[PDB]
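Yeah, one chain of the complex is gone here, protein chain that is, but the others are all in their spots.
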């Protein structure tokens, strides 16, 4: 089966990658980083996010696996000492596939992006003001530092820091949180995070300034002459290769509690 | 078609009820408060909640409708001046049905309850400490004032006041928020709200004291010698009779923004 | 010098107390629990709080010291292994005095209380609604679970759990936090915590129900037929005996960070 391996690029990670490739050399298994079916990321969640965006045009044909060389990750959930056990189990399709929802962002002047964690919007100068339209209905005028739209698996990331809820990734949804909203007798936002199902469209529209810094996972690009930013749960999903039970809520406990 | 009407019990509401009954007297329509198919609540969301619990044994055979005699409600979403237009449209099944998820609570010493808004748990004295187990996995030890588990439509209620997200009620889920958790170098909770899908079981277990004040919507009962409190998305749903489009997010805007 | 010693009442604490008394038997030092000048508390912050209220009529004539037999305390800030070094240093007034502000609560039907941590107010049934008057000016109508008024040293306690700021205890102030306020288009509270200087009077007045559960540190009493609850920074202070530098912010770091 075709496979490739990305590495964080420090010694630990590069050496681990070379050993797994040697381990794969003993099986009906070929290294192909153009059309892989398995993509292994070694490092952290940032390495994993890059792996994802490296191959976002072939999401339906790939199963992703992560190894965390440092502390435990949400995406990278094998340890390095289990690398040889992983090579073996992958050798004979010894695994089921789990799919997580993704977020589609569309920027109109159309540019389109997929996010596995989130996409955010901030001003370029400059005060940030946007009208927030849900399924064509004007919901609120937001004045503040910015807004964040998170996938379910992204809810443990930036979303969490903004006061958002943690959502189980089997729920096909997206979640909008505020960054430092101005609320006074005249200016009013909802305050609360908002959780949208598939097929709901959240559209952001400028009020005066039309330049925004827009982020999609790690990527951050200043966009000029924007007319609309549109968010929706993507039709596409990320597929993970799973060899044992490691439940989301256990992943959350391990990362945040002890 | 069989129908009944509950009233807040002030003059406005009682008089409105008598007029709708007179209006229904002109159609193939009989008043039955033992086996209604339509249940009309006149007053506020508290009146509507009572209507719901009055007939919780026949949820699958009833369509609920609410009229708000005061300010706009989340459940009661006709105005009184539209009462006559409502009587007419109800006369000939001129309507589609919308269903909202509900919350099952089980108290073991089994007593079982349905909630349309939420169920909460607090101590009776007395410091509140509980172990929180998700799908048999020990997730956290909670020390604080209490916990709240909200349905999607309940997310605009007590959940909102506790920092929770607002969830679209087409999402079959429940949401757990904290009330004043103690967090220090030794005591640790997740902090964030948590959103669970159907079939996930959140169980609360005592640590020392086993007496808790437990609430289910308006009802609040001191329970003694508790071994477990179990939360899950119910298999049962509340059905609403709908005569026009009034989207959830518009309902939220109207109630919280302007 | 006259002194007494309170104990948590477990073996560790009782034995430690007996040894310090034996150690004090070797100096110009007599045990008097009616008119002490030094009050030593052995246990936790709860033991220390009790020590304080045991002698609240002689606050101006007492220096308090705490020993924490378990984890580190905010009030109890010697370890047990340093008990003998403490007995020695106390023997010859080898110490400076530090004073912390306190909170005066007045309940009118007058009953008056001092708090070292905080005083809170909740309803007895029953929905909680109160008008909040600051220096005779009507500030807001609060609807929610309750309110908490914290001293500076109390800001690390319940205040912290409610979202309040941590205040350095050299600031003569009190801080009011909300518990789960209802905020909708009709009902409005400030949301933010509020920090008042000496001589500001915060008065809470009932709207309909006049029975409230009122707490002052550990004490919690249901009060009936209340007309007013009045908060102000007390004219009286708690005095601590200090033998070495242990800064507040270091105390906060040690307890909350690592």
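So that you can tell them apart, the chains are marked A, B and C in the order they are listed, and the count of residues begins at 1 in each.
Methods note: a residue touches a chain if its C-beta (ideal position, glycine included) is under 8 Å from a C-beta of that chain, and two chains touch if they have at least 3 such contacts.
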Exercise for the section: Check the options C:112, C:170, C:220 or C:227 and report the residue that touches the missing chain. Expected result: C:170
Exercise for the section: Quickly run down the residues of subunit A that touch the omitted chain. Expected result: 71, 144-145, 158, 161-162, 179-186, 254-258
Fill in the blank from the handout: Note that subunit C touches the absent chain at residues 134-135, 137-140, 160, 163-168, 170-171, 173, 175, 188-190, 192-197, 200, 247, 249-250, 252-253, 256-258
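Heads up, the rule we're going with is that only the chains that are shown with their structure count from here on.
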Exercise for the section: Express in whole angstrom the distance between the two chain centres, defined as the mean CA positions of subunit B and subunit C. Expected result: 39
Exercise for the section: Between subunit A and subunit C, tell me the centre distance in angstrom, where each centre is the average of that chain's C-alpha atoms. Expected result: 46
Completion exercise
subunit A to subunit B, mean C-alpha position gap in Å, rounds to 33
Completion exercise
Each of the following residues of subunit B touches two or more other chains, namely 256-258
